[PDB]
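Shown next as C-alpha cells: one chain only, the form solved without this ligand.
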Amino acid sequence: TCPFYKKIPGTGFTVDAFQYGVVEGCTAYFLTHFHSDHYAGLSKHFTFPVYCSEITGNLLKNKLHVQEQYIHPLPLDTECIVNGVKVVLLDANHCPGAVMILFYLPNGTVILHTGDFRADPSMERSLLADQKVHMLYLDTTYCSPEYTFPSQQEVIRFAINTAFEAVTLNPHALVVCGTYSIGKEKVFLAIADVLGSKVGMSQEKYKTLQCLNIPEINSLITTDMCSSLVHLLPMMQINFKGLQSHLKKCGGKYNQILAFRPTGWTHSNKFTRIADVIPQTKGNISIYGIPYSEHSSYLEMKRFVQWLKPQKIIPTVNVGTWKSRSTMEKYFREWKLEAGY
C-alpha cells in the first residue's frame, strides 16, 4: 500500500508512487525524475496522467513506451494549474530532468517536495524565496554528520588531471567509466573533452543520452567503440575480471585500462582528502572510486533547511528503521533550536 510520505494532503496527488497499483483517490501522479526506485511500476499500459519535466517525459516515452496522451510535461520555473491546484517545478540539482515540486494548497498551505536533490545556495534565489513553506518532504539520504564529500567541481578536476596524465604518459591506455542509471554524465564528458575524443557506449545507453537535451551531444558521444578512447560500461563490469575481458575485445589497440567508479559516499571520506585518493591496481589495470554525489551532504542539507524554515519536516529516505527515524528527528530539532524558528 502507498506510504503516507508519498501522498500530498488535500489534493488528489501522489509523488513517485507507481508501484502500488491504482492508488485510492489519486487524480494525477507526479514523477520527480527517471530513477528506477522512483518510476517503479510505469510501463506502456499505464493509463492515468503523469506530470513531470520535459526530459523525464522524453524518457518515459522512449525508454518505457508510455503513451504520449498520458504524459504531461511542464516547464520549469513557471506557475501552472493542475486539477485546480497551482504547482511549480524547480531544478533539483540531481540527474538530468530531476525536479522539486512546490504545491499551493487551496486552504493556503504551501508544500515543497524535494524529490532527490543536492541542496545548493542557488536555490535560495529561485521562486522559493518569495513565500513561506509550511511542510517539507525532504531527501534525507545523507542526513548524518559523517557524510562529507567534496564539491562536484573538485572531483571533476581530479578526474580530468588523472586521465590526462595517464594517457599522455601512455597513448595506448584506454579510459573506462562505469554507469547504471542517468546522472553524473559530467564525469565521462569532462574526461573525453580533455582527451579530444567522443565517448563510446552501447546502443541502449546512447538512446538514453539522446533523450536528455544536452547541448552539442551529437558532438560528444557515439556507438562506434573503435573510434573512441573513453568507453562506458555497466557499473557491474568495473572490476579486474570485467576490465581484462573488455581489454581483450579491443584487439590489441590498447595495453592498459584506467577506470572510474563514481560512487556516492565511501568511508574513505572520513579520513582522506580528494587530493590523496589512490586506485586499486592489478597488472595493467587501475580502478579509482571517486565521491561524485548527486545528493546533499549533511552540511548542504542543514544550510537549506535552516534557510527555508519549514514548520514540519517529513523524511522520504532512511524511513524504514526506528533508529534512523530517531536520529533524523534529533538533527531536525538541533537545526531548529540553533536557528531560532
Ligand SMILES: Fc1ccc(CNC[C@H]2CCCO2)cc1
Second form
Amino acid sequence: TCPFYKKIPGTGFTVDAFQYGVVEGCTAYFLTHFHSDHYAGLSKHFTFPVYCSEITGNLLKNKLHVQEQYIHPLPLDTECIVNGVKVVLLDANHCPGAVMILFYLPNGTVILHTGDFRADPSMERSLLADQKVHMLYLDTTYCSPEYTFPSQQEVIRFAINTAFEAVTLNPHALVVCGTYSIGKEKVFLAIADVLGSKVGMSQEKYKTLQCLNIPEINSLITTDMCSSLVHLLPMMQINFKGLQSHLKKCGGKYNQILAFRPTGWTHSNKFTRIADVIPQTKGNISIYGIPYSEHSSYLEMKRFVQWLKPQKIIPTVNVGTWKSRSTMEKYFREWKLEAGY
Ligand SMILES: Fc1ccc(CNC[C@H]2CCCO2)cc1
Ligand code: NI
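Having seen the form solved without this ligand, please provide the structure of the form deposited with this ligand bound.
Every chain and every other molecule in the complex is listed next, the one we just looked at coming first.
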C-alpha cells in the first residue's frame, strides 16, 4: 500500500511509487532519479506511463529494460502539460538525471517535490523565483544540526591533491575508487584527469556511464583495465582483503594501492576537518573515507526552506519513528519563527 507522502493531491500522480503494485487512481508515475530505493519495483514488464528526465529514461531502457513505449522523457526548465496538468522538471543537484518536480494544480495550488537534492543558492534563480509554493515535499535526509560536511569542491581538491602526490612519489601506485550506484562521478573523473589516465571499469559499470550524457565520455573511461591507473570497483570490495585480491590480478604492474571510499556523512565529521583526514593503512594499501555528499547539509536545507517560505512541509525521509518526526517538526517551526513566514 502506497504511503500518503508519495501521492500528489488533486491529481492522478504518484512520485517514486513503483513497489506497491497498481496504485488505484494513478494515470502517470513520476520517477525523480535512478537510485534503487526510488525505482524499487520497476522492471521490463511495467505497462504504465513513466515520466522522468532524459538521463533517467536512458537508464530505464538500457539497464532495467523498460519498454520504449512507456518511457516519457521531459526537458528541464520547460513548462509541459501531462494529463491536463502543467509541470516543470528542475535540476536537483543530486546524481546525473535527478530532478525536482513543480506541479501547478487545477485549483491554483502549487506543489514542489524535491526528490533527493543538495540545496544550493543557485536554485533561488531557477523557475522557483517567480512564485508561491503551498506544499513542499522535502528530502530531509540530514535535517539535524549535527550533520555538517564540506563543499563538493573542497572534497575534490583534497582527493586530486592526495592522489597526485602519491603517484608522483611512486609511479607504480594504483588508484582505486569505490562505487555502488550512479552519483559522485566527479571523484573518479577528477582524479583520473590529474593523473593523465582514463578510468578503467567493468562492462556493467561502463554501460551505466554511457547512459549519462557526460560530454566527451569516450575520452574519459574504458573497459581496458591494463591501460588505466585509476580503477573502479564495487564499494563492497574497498577493504584490505578485496584490494589485496585486486592487486594480485594486475600482473606485477603495481606495488601500492591508494583507495577512496566516497561516503555520505560519518561521525568523524564531528571531530576532524577535511584537511586533517588520514587513511586506514595495512602494508602497501591505504584507504581514505571522503565525505562527498549529494544531499543538503542542515544549513543548506535551512537556507533553501527559509527562502522558499512554503505554507506546509511534508518530509519524505526519516518519517518512520516518532522521535525523528518530532525533531524535524521542531526545526521547521524554528525556521518559520526566525524568518517570519
Ligand atoms: F533528520 C534526522 C533527524 C534525527 C535523526 C536521529 N539521529 C540523529 C543523530 C545521530 C547522528 C546525528 O544526530 C536522524 C535524521
Ligand atoms: Ni538518491
